[PDB]
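One protein chain omitted, others in place.
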Amino acid sequence: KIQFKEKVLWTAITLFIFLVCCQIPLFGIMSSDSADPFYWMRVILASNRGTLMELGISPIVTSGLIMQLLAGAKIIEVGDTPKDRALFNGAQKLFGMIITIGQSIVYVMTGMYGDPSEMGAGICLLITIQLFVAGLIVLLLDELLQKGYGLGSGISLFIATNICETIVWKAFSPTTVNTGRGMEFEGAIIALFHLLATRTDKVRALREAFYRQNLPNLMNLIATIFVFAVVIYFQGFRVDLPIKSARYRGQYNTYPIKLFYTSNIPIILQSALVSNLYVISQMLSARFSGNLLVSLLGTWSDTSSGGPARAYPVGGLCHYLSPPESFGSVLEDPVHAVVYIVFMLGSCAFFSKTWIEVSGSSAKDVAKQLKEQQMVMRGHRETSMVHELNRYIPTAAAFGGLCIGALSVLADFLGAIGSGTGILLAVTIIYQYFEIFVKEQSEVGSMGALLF
Amino acid sequence: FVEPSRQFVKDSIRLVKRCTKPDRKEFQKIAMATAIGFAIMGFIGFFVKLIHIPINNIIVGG
Partner (left out) sequence: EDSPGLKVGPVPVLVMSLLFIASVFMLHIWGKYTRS
């Protein structure tokens, strides 16, 4: 039944699965390899999900990498094949959903390889079923979110929840600390003010260089502040052009654009996806196939290594598209800095344009809706009413995404979080969902709708 | 690359010119909303751990 109460419950079940997920998926302990890789991989994956190792929610967005890449390549060659490639944008997304269960699952495991698999013993059994159940429930709900069941806030919401949750856990965990303050509050050593306050009060200000002492903790806070000031500036900015709206006859509503903002969602998505693609392929190439020269198989298969850091490949395209492993405290490499900004930017803009086609917002889709309510025919124009918003949709979309992918790379440089991925993508999602939640709801407010 | 670049700059100047910023009233409203959003999520994951931790050995009670 249609009814807002039914919709909130469907979100609530999905959310409950996430909460349920927070125990389970890990393997926990025994032996084997299920547990989570490195720097990029965790953000997608979402939260704390078996204590330190976050195994669960990774596959859904992983399928979304397949969606973007091909669509902008826009194959024409081979006649029967281009039609299949065009269809692929939707049809592949389901095939991709199959590939991620089939093939991503080895990639999800591999990074925290704990001690070798095939160790054996009866021990696990319940773990073998729980992983199988996880595959069944999350995959079923993912299908239901793309074709009829949700509310506002499906897939994005877990990322939205995850960032806030991650910040408290990093703040409130073991690592290096001399002594607790003697108030551990609701768990460990919570907000950073408590951590500073240990002995007596104060002493943060004393240090080397007016940073060093409490710099890893400090760096995390500033990361948020840098994003905080700039994010709101562009969210506030609006494109007008609704002009004459409401059929003519007098009573009217101005219509806000989706425009630059709708194109913004593919770029923010891009920074997450692009990094994924290189690492999975780099892992695949070594495992699958022998290897003369490093460079010969591929660039980014160039110098596949455990390297200095979790950031495996020390050479190739993948190297540039990861931080220099100091988060901008060394930028006097150059080759690395130059490639990182430019490469991401052009790839993002390409993906902004593919959002237009049949996967998101284009002028033709808008046009039919406008007639139904009668929008004033976009002040006529004849062949207009379609030219108005149509000409300004590729220009707005291409630009719309373009800025942000540069800014994301610069955010790492300015003063990244300790994970250096996980807060950064996730914060961008957290603002976004508030807009989706209430404006779509039509029930004019901003108040409750949690279970209402 | 020369033809795309001219278009991107031309679009950008119009967009900046368009609005200005979150026009004072808006500036407060969005900023507060983000802070509340961080807090609600932050609160609830944090609360559970209080009960869970001192079961094995009492360190703060729960």
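First chain written, first letter: the chains are A and B, and each begins at residue 1.
Everything that follows uses one rule, which is that a residue touches a chain if its C-beta (ideal position, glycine included) is under 8 Å from a C-beta of that chain, and two chains touch if they have at least 3 such contacts.
Colleague: Among A:89, A:130, A:214 or A:419, which one is in touch with the chain left out?
Modeller: Of the candidates A:89, A:130, A:214 or A:419, A:130 is in touch with the missing chain.
Colleague: Considering the complete complex, identify which of A:37, A:50 or A:64 is in touch with the unshown chain.
Modeller: A:50
Colleague: Just checking the interface: what residues of chain A touch the absent partner chain?
Modeller: Looking at chain A, the ones touching the missing chain are residues 13, 16-17, 20, 23-24, 26-30, 50-51, 121, 123-124, 126-127, 129-130, 133-134, 136-137, 140, 144.
Colleague: To test your reading of the contact rule: which positions on chain B touch the chain that is missing from view?
Modeller: Given the touch definition above, chain B has residues 52, 55-56 touching the missing chain.
By definition in this document, only the chains that are shown with their structure count from here on.
Colleague: Residues of chain A touching chain B in their complex?
Modeller: Those residues of chain A that touch chain B are 48, 160-161, 163-165, 167-169, 172, 184-188, 190, 228, 232-233, 235-240, 260, 395-396, 398-399, 402, 430-431, 434.
Colleague: Please name which positions on chain B make contact with chain A in the complex.
Modeller: 4, 7-8, 11-12, 15-16, 18-23, 26-27, 30-31, 33-34, 37-39, 41-42, 45-47, 49-50, 53, 59-60
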